[PDB]
Each structure stands twice: as structure tokens, then as C-alpha cells.
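Presented below, as C-alpha cells, is a lone chain in the form deposited in one PDB entry.
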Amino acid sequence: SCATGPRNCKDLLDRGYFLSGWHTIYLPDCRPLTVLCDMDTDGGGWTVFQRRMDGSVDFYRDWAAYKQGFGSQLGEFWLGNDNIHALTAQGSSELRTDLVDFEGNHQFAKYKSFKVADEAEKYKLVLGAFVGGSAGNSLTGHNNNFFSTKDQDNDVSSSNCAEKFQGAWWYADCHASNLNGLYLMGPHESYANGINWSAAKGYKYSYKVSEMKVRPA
């Protein structure tokens, strides 16, 4: 039953699923999809669509890989651009970015709304107001940009940002954040090609953990 089933992780939390983990939800078109629910962070009910923790998974992937999703339920993944669109089409979803450095410090950024458009509009980022958080704001500067991968350049640069910079993102010319960049393990000498959130640790520090997640506003 789709119209009865959970639409997102907050629906699951409301029904007494108190531990984080993988659960089936029903997308707007009633397709079932297994997603990671973060029930532990900031009240819980978050649907996680990106997670890095150890560099075990290669994130320097093509349009196809990002479109469908890749990685492991047991570790690092990207849920998939088709999936992220479907998840964020209904209602208003807040975005939370959780970051952890190699010195064990947890930082976060919250945004009042977050939507990605369909493939026809290149999974364009539609981002609401920055709320706050220790990590600072490195995503507003990407608002209204298409998603790009190495093999499909939709950025606003004469260059290919995804190739630069070794990731996949709503690149502008080119980025303030690059959470799908190389897992560089803390400080790095290469410029802006790591898991970077520039408002916090700048362009030459690659985070240990990155998570991107959504909850009804």
C-alpha cells in the first residue's frame, strides 16, 4: 500500500522506528525505494542521500553513475539523482550537512529548504535560506546551478569544473563546496579537489565524514 506507506524517514520516525538504518519508502510515483534514515542526529527523521566516511568508494564517477546511484548500504554512497529528485519534489524539505574532520570535530550546516529538479533540468539545485551551523555556508553559492559530472558539463565555467576538482556537484565557476571530491584524508596540497567545505576548513582540507540528508520542514 503506497498511500498508507511511509513517504520519507520522518514518517518512519513518527511510527516508532528510533534507530538509524535502511528502510523502504514510497516515492511520489509509488515506486518503493530503500533509503538510509538518520534517526539520531538533531531529532532524527532525516533521509540520507550522500555519505562518505573512509574513502573505500570511488566518487569520481560519470553522469550515469550519479543518475542511478552507487556505493554500499554498509558504507559510502550516493543515493542517485533520479532518487533525490523524487524525494524532494513533495512538500518542503530541510537540508542538513554533517561534517567530521580527522581531529574528531563535528561541524554542520542547515538550510531551510532543498530541492533538486528532474533530469530535463539537469538536477538543478533549488536551495532555501541558510539557517546556521558551525560549518558555515558553502552551498548558497551553488543555488540554481545544474548538476555536472566529468562527462557532462553543465556548470557556468568555460572550464570543466568536475574534471578540475575531481568530483561531481552543482558546480558554478567552480565551487565553495565539493563533498563528492577526492577522499584526501585531511590536509592536502592540491587545490580544492578534496571533500571541501570552504566556509569551515577551506580548500585544502578534506573531511573524514560527509553526510547530506533531508527532512520535511
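By rigid core we mean the largest C-alpha set that fits within 1.5 Å across both forms. Positions refer to the first chain, counted from 1. What changes on going to the form deposited in another entry:
The comparison between the two forms, aligned on the rigid core, picks out a single residue among 176, 57, 39, 65 whose CA moves by 2 Å or more, and that residue is 176. The two forms, fitted on the rigid core, differ between the two forms by less than 2 Å at the CA of residue 164. Relative to the superposed core, residue 192 undergoes a Cα shift of 2 Å or more between the two forms.
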Contents of the next structure:
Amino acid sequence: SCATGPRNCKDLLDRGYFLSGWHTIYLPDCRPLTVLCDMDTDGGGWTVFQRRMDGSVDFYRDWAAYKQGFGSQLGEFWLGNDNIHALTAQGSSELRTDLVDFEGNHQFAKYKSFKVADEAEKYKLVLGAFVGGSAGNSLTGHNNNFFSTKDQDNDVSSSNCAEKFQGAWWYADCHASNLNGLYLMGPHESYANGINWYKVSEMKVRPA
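In place of the form deposited in one PDB entry, output the structure of the form deposited in another entry.
One chain, no partners, no other molecules: that is all that follows.
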């Protein structure tokens, strides 16, 4: 039960769960949640809240969908903004992004602290300093921005960033598209495949 169950993937690693995969954790209000643990990357104990790999799941979804979460444990998913808030509520948390391009090259980015506020604060992003990574720093000008979806424009642009990129994100100005954008499905031989920060994305969190 909640009293003796784990709170996140770090707890699970401590209890001797050394393989990546889906496990039950208990949120701070004791709601059980099935989450994806990354037990291999950068010491392990990461809870994965976004994963894309093939563009099979539609990410151009409304506020309610992003709030609750959507997709498949067997594939691509967004864990849900209520859930991401719950995971980053207690204590301090670190963010990691892992990316794979179409030629098999692995890249990454790491951030000191990562919090998303509750729905009353439009799931505002509270992001710490870029700690480093080969993928580069793309979430630099995103700190303090509200979350935006197609039906809820909370950006600081005259346009609807979510519509214009076709995905939901903590948009400010929208000069480029993000990890939740269109997953291009063009000829296998061309550049017009994947997403921008390109074949694979994973966003994940761990106690700092």
C-alpha cells in the first residue's frame, strides 16, 4: 500500500530494481501511478514523463488531454501535467532530456532543477540552470512560462504558438518547434522526418 510503497523511480532503484520498465509508485496523496523508470542512463532512477520514437501517437491535443496524459506504455506517451506536477512537488528535482537522431547518434541535456506548478498556475515551468549536455541548451528562454495548448493560448506571442507548431509546450515567443511538435513523416531518405529540439525523445526527472 501507500505507506510502504515507493514514491518514484529513485526509491525503486534503492530497493533493487535495476532494469528499466513500468512500475507502480505512489503519488503524495497516495494515488497509485504506473510510471516508466530509466534505471540505466546517467546512474538510473529517472522517472520518464515523455517519450516519442515513431510518430504513431498524435501529440496535437487539447488542454484536458495534456492534463490527464495520453498515449501508450508500449510506445509514445505524455505522462500528464497533474502527474508531472505531483512528481516535482515534494523536495527538489533534476531534469534530463535524451535524444537520438536518425543516424543513431545519442545526445542529451541536463538541468539543475525542474518544477511544474499546479493547474491554477497554468502548469507554469520553473527551470534551473543548464548543467550541460551534447544536445545543447534549448529550454533556456522557457523558464517561468505557462503551459499552452491549441485551445488555451497562454504564451506571450500575438500568434497561437501551439497551433503554429502543432503541439503543446511552455511557449514564450515561438521561434522554433519543440519535443511535443509535429513528428514529420516524409520519405525515408529525406530530412523531413522526426522532431526538433530527432528520431527519439525522452524527458525524465529524479530527486536532486
